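**Q** What follows is each chain in one-letter form.
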Amino acid sequence: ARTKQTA
Amino acid sequence: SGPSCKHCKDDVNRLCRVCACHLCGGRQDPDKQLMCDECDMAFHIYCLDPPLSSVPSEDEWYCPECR
Ligand SMILES: [Zn+2]
Ligand SMILES: [Zn+2]
Ligand SMILES: [Zn+2]
Ligand SMILES: [Zn+2]
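As they're listed, the protein sequences go chains B and A. All the letters of the first sequence, read from the start, carry residue numbers 1 to 7 under the entry's author numbering. All the letters of the second sequence, read from the start, carry residue numbers 311 to 377 under the entry's author numbering.
Rather than coming from a laboratory, the hints here were simulated on the basis of the structure. Misleading hints may appear alongside valid ones.
Unchecked claim - List time: in silico DSS-like cross-link candidates among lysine-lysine, alpha-carbon distance up to 30 angstroms:
no.	chain 1	residue 1	chain 2	residue 2
1	B	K4	A	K319
2	A	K342	A	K319
3	A	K316	A	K342
4	B	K4	A	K342
5	B	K4	A	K316
Extracted from the complex, chain B is given alone in its bound form:
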């Protein structure tokens, strides 16, 4: 899943 960190 994507997180704000990886986005």
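Given the structure of chain B, go ahead and fit chain A with the ligands onto it with the hints provided.
**A** For chain A with the ligands alone, coordinates are given in the frame of chain B:
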């Protein structure tokens, strides 16, 4: 071209449910804010009802508003 969000003007001291946690508006713990693969809103795993105790391993994730 900034700020990236016109609702809060990227003010890190302001809560924002548009570019930060869509539930609480909090910017803390970005590594725990899941991004919806449909609407691209962010959700702290701990703000979800029920809360998730960890970030899901599945590649895609859809928020409560998108299914
Ligand atoms: Zn914002
Ligand atoms: Zn939250
Ligand atoms: Zn969504
Ligand atoms: Zn919403």
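**Q** Indicate, hint by hint, whether the structure satisfies it.
**A** Tested hints:
no.	hint	result
1	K4(B) - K319(A)	holds, 17 angstroms
2	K342(A) - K319(A)	holds, 23 angstroms
3	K316(A) - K342(A)	holds, 23 angstroms
4	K4(B) - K342(A)	holds, 8 angstroms
5	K4(B) - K316(A)	holds, 18 angstroms
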